[PDB]
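One chain is shown next in structure tokens, namely the form deposited in one PDB entry.
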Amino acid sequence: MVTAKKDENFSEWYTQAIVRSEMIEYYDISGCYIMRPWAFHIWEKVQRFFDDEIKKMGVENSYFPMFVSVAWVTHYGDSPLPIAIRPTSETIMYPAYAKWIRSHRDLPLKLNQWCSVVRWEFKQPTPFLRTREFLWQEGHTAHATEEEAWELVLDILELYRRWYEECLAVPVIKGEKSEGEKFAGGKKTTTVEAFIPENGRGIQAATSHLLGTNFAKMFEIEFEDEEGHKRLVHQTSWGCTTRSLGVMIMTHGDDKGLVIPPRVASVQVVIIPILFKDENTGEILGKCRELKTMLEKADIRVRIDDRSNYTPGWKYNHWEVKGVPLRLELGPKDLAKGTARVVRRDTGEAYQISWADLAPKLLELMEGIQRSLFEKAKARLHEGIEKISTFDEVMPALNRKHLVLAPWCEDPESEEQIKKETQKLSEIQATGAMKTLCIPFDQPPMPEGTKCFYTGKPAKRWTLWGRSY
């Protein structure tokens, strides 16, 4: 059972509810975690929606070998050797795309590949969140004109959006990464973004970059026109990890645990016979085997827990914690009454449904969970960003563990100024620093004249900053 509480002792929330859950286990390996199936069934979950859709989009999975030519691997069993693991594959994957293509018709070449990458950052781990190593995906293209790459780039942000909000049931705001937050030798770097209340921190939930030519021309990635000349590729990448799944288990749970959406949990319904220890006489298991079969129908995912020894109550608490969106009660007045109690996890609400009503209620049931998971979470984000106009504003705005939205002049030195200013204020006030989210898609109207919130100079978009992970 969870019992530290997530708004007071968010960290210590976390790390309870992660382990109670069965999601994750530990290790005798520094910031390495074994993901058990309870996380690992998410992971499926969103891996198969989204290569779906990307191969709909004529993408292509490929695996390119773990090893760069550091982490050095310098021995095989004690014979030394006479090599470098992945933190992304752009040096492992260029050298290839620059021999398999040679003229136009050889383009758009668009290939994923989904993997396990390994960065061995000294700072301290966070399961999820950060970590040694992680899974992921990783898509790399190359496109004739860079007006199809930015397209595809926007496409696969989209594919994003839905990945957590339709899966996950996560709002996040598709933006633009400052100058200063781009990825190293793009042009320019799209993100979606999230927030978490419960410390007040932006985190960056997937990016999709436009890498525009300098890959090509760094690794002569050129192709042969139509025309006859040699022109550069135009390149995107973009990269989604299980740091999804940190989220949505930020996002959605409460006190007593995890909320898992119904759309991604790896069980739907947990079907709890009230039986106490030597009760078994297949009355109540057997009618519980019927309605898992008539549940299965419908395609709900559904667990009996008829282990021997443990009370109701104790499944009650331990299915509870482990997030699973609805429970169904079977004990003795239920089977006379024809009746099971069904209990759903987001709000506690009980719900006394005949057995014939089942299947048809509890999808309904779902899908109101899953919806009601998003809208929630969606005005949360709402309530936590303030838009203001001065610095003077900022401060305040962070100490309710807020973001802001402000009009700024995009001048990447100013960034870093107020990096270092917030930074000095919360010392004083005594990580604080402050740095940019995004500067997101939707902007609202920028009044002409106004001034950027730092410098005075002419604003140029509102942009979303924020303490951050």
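Positions refer to the first chain, counted from 1. We call the rigid core the largest set of C-alpha positions that still match within 1.5 Å between the two forms. Compared with the form deposited in another entry:
- Note: rigid core superposed between these two forms; among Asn399, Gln124, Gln352, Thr281, the CA shift is 2 Å or more only at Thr281.
- In a rigid-core overlay of the protein, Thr311 has its C-alpha displaced by at least 2 Å between these two forms.
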Second form
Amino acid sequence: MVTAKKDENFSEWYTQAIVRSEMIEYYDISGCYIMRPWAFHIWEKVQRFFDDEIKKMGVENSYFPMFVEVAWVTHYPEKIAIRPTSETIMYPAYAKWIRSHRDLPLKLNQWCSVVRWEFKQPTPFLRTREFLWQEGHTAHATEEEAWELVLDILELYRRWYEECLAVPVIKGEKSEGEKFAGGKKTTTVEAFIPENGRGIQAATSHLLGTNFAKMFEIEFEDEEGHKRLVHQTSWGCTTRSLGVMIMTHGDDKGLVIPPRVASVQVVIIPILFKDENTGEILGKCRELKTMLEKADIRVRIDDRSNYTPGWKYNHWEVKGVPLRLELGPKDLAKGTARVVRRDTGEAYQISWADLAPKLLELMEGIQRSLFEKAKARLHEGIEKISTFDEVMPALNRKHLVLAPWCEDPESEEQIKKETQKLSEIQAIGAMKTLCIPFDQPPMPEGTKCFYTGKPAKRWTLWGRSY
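Now the other one: the form deposited in another entry, given that the block above is the form deposited in one PDB entry.
Keep in mind that what follows is only the chain, not its partners or any molecules around it.
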């Protein structure tokens, strides 16, 4: 079981939660972690969802080799690099494959692993040296088609997070300082970790435009015979989502997994003690499983002989199975069963004939409530502000600030440095742009930038970050 409290030692809470749920296992080489099945299941679930969705958009999956903060092979010619990202590997193929408008749009995606070999200290799931992800890359005849694909993908990532992991996130555009180098515009979804006040980027959807197109000479001819440059997008998202899910829904007893990505939604734990009604208990469990699976609920019966009922309670609690269904001899005479829901503890006595509808209802209810609570904590962690004097208070309450900004990059860099210096004084760490939210709250006519006094351009979300 898990000792530490989420809200006072967050770090050791997090690692107890991911280790004692058999999600992670540690490894020789720092910043690599073994992803055990209990996590891999969730990843498979979100993978299936995103893959179905992007296949509906006409994206096709592919595999490009891993050879081309970078890592280099030495011996067994030339040095070979391991892909940090595969722009450099894919785009020459793109330049060869595209020659006329009749070959656009071209939309490829790949699920693979990448290596980003930073020497700072890792955080499992969140900042690792090898992570699993997807990366998609499209080229279009026009910029407007490309942009709408950027936004369609960003909406998928919203769903990936909100709809599947019940994690609330913010759509926005990245500042010039923090956008992708040599992209034209970088959109993003951003999450919030309330326990340390930090923001974290959840996924990216870049509008590359034509910069790569000309570096790599990816060109096509329209219906006139004139060769134009293609407009490109790339986008991707990683196992970091799992981490953000954990930190969003964990409590002092361990994980809490939203039903939509839980591989076991209902665990049926039989109470056996002193050989009382063992055969009937086990029969009823198997019948309840049959019935619940007929309603497409994912059921496991923990009928393992070598474990105590109370051990099973705590085992599936810490693993975060959303619904536990206890069945013993009393309930055999009653035709009901006790169901405990992992997110609140509440118990219910449900009739067997009512299990399937009722359990479905409970599961929808759990998912929604995980999301709504989470969404609440997010919008209560966002302090809108007018002046820079209001920044450090909010930072110390572990919140983000939403302020008017003039949007020039020197603004951001000196804000970064100044807030890190102030942090170091108070300790005797920096605050950066998180994003420029799509949903722009009202901007009065005369409003001035919260740092420079210059005329404001847009509302911008700032805070400490990963």
